[PDB]
Every structure is written in structure tokens, then in C-alpha cells.
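Before any questions on how it binds or moves, here is one chain, the form deposited in one PDB entry, in C-alpha cells.
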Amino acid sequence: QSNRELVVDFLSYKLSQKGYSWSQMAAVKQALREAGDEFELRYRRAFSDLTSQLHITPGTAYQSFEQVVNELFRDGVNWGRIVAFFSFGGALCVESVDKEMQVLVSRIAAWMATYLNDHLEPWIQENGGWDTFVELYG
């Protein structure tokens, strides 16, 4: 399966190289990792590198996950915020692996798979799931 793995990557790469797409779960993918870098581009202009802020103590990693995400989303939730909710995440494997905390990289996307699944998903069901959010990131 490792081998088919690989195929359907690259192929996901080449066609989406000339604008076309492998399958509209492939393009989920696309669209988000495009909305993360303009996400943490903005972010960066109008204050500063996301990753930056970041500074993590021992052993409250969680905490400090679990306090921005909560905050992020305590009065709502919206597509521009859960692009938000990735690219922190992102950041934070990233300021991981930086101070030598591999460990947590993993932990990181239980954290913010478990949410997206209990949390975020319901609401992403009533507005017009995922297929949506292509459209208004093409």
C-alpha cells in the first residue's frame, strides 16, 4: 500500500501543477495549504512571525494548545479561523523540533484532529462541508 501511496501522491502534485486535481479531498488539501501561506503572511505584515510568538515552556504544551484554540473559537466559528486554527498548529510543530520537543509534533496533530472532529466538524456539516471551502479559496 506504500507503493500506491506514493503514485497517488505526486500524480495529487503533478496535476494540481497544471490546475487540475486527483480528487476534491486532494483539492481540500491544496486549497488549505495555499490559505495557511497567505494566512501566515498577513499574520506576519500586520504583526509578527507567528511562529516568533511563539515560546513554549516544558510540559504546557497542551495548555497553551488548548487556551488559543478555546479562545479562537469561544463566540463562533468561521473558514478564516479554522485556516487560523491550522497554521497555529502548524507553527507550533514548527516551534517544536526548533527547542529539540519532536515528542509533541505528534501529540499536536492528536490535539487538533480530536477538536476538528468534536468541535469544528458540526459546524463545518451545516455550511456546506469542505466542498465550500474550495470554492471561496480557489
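Positions refer to the first chain, counted from 1. Just so we're on the same page, rigid core means the largest C-alpha set that superposes within 1.5 Å between forms. First, how it differs from the form deposited in another entry.
Of the candidates 108, 83, 54, 69, the Cα that moves 2 angstroms or more after core superposition between these two forms belongs to 54 alone.
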Given for the second form:
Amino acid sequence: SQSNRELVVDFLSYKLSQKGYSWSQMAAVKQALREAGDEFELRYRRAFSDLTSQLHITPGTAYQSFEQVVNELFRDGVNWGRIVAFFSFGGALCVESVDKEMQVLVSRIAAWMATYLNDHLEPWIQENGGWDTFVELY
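Would you generate the structure of this protein in the form deposited in another entry, following the form deposited in one PDB entry above?
Only one chain is given; partner chains and other molecules are left out.
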């Protein structure tokens, strides 16, 4: 019933983005993160590969294992670049899960990512002006 409205907002959000406009402030944040992530994955291909090799998700993997790798990523502190890397890292874990005919673990990874953002990164993000500051910097 909300199906069609959803297709609509998604399509217009896209079309606005092609011209440097955006549908909302949140859509601006999502576009900046999509483009920053792709740029990270090219420009730091070897480093991203090294990060991604640290963890392979299986049905028996728990949060703590994910939190372990990501804590190492942020050991010297949080910045926007490392935040972008944490998103690409999550992305790569999901894609790897789907590669192996186990799409079911995708939900786990999404929850884990959301949890790590809210518990560890959100204070830094609000300390440094919120996601709108990411958008101007990118």
C-alpha cells in the first residue's frame, strides 16, 4: 500500500542526486556515503583488502568478533575516513555472505553495524557537528 510511494521517493531522490540536489538532508548523507565508500574502495584498494581479510562471517560468528576488528580500526581515534572504512568493511562482509548462498547473515551484519554506530561512534559524530559536517567535507 506504501509500495508505490516508496518507489516514487526513491526514484525522485535519485533523479535529484544526478543534478547535485537532494530530496532531504538524509538523502544527502546517504549519497555522500555511497560515493565516499566507492572512492575509498579504489584509492585504498590494498588497505581495504587487508581489513576485509581479518573477518569472514559464518553462521557461528558473534558480535564480539566484529567489534574486535572494528575496535582495532578505531584504536587511534575516530575520524570520517575511518567511518567510511567501517561502512565499506560492513558492505564487504555482507557481499561475502551473499556470495556464499547465505543471505540470511546479512541481517546480523546490518544490526551489528547499527549497534556499533550507536554505542561507539555517535558521540564523536555529534561532537564533530553531525553527519552534515561529513557532507560538506566530502
